[PDB]
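What follows is part of the complex, with its chains left where they were.
Order of writing sets the chain letters: A and B. Residues in each chain are counted from 1.
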Amino acid sequence: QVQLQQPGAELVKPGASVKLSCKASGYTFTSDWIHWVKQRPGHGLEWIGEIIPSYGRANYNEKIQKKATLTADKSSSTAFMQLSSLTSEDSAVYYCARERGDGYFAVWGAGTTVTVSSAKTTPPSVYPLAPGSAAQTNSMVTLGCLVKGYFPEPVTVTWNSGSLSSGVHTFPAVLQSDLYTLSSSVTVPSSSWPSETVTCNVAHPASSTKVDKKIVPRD
Amino acid sequence: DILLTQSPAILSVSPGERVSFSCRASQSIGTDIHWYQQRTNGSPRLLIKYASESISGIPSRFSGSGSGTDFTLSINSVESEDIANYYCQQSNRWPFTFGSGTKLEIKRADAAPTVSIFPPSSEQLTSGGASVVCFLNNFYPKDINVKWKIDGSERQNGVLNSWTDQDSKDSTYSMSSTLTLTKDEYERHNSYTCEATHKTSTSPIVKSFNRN
């Protein structure tokens, strides 16, 4: 099962402050350490700090400005990082991981995309992309769906809620006037469409949406 | 604190070749190095611990070696699923530290794009905007040009493009080009074409649709 559970997302205003959570399952020892690791986009991994829950002792990277304060609820197996007084510098995916006290990170969360913006949450508009009747075809057909006008990042996009994985491209969002936008491609054999249904599922954790959208041909 | 240097920063290699990633430490750390893999938007995944010890789940293609200040991660016969960033990390002395990372890139055979043009949806139009999407898909090498022409005349306003990193299914690249106007402006034209220019052909691959 998923050993470490973190929120997909958090938006924060400049000078404001956020509390990330990291919940754990599987074998818990009192000798276990939870670590937090920051990754700014298109950058590397940066150790921030660690805590040992069965106590509450925590240590921090001294080589960076100290934004963090770590804590744990030993009852609910949850670790928390208080990130306080953030700036745009502080925007990043923050992972948590678990180390059994023997120095490596066996297991990691999926991480929380933290966006520091004055701007406002906006759910995404989703729209099919079936091809025009003029377009001829091969032994394969390419369908797709277009996620736009959203903020903050991220979104995840699936094809038939996991079952369709071979043949899928999601592109990076592009930001313009404070709304991200992207598209996702999928390619099935033409003989499997539209008899066999094809649907793009789209999660946006910052507004807690998750909308399906079927791709039918054009009327 | 221990500095971990990873060279080179980018490592291009051919399918099936043996490949090797370096990680040099700023002082002797025994074999307390561990190597991680992070795919595009993945989280990291432990591959090798204590410099050479296998993990379960991990293809035997992956091994590690070294001790002291010089460590190597090696992959016997690279393949598409290996396209990722590779990090090293030390537990020899506090604080734990990470290397700056190395990206693996596979040189594959040349491939021409598969182009697909997409009209706006009637759903979208309702709300008072119109975006036409072209997908330039599964080509190699990464460099490509997309041209938009409206009713025979090239347009440059309102276009956003996005390119995927190399793909772990087939070492190819892909691109989406998105043309965005109002309903007003989409209404007063007939023919949209996305043209694509790529090493693999002297003739562009062009794809068009008409509203009428």
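Here is the rule we go by: a contact is a pair of C-beta atoms (placed from the backbone, for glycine too) under 8 Å apart; a residue touches a chain by one contact, two chains touch by 3 or more.
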Full-file chain stoichiometry, since only one instance of each kind is pictured: A x4, B x4
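The rule we apply is simple: only the chains that are shown with their structure count from here on.
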Distance between chain centroids, defined by C-alpha means - chain A, chain B (Å): 18
Partner chain B, residues of chain A touching it in the complex: 35, 44-47, 50, 59, 61-63, 95, 97, 102-106, 108-111, 125, 127-132, 134-135, 142, 144, 146, 148, 166, 169-174, 176, 181-183, 185, 187, 218-219
Chain A-facing residues of chain B, complex: 1, 32, 34, 36, 38, 43-46, 49-50, 85, 87, 89, 91, 94-101, 114, 116-124, 127, 131, 133, 135, 137, 160-164, 167, 169, 174-176, 178, 207-210
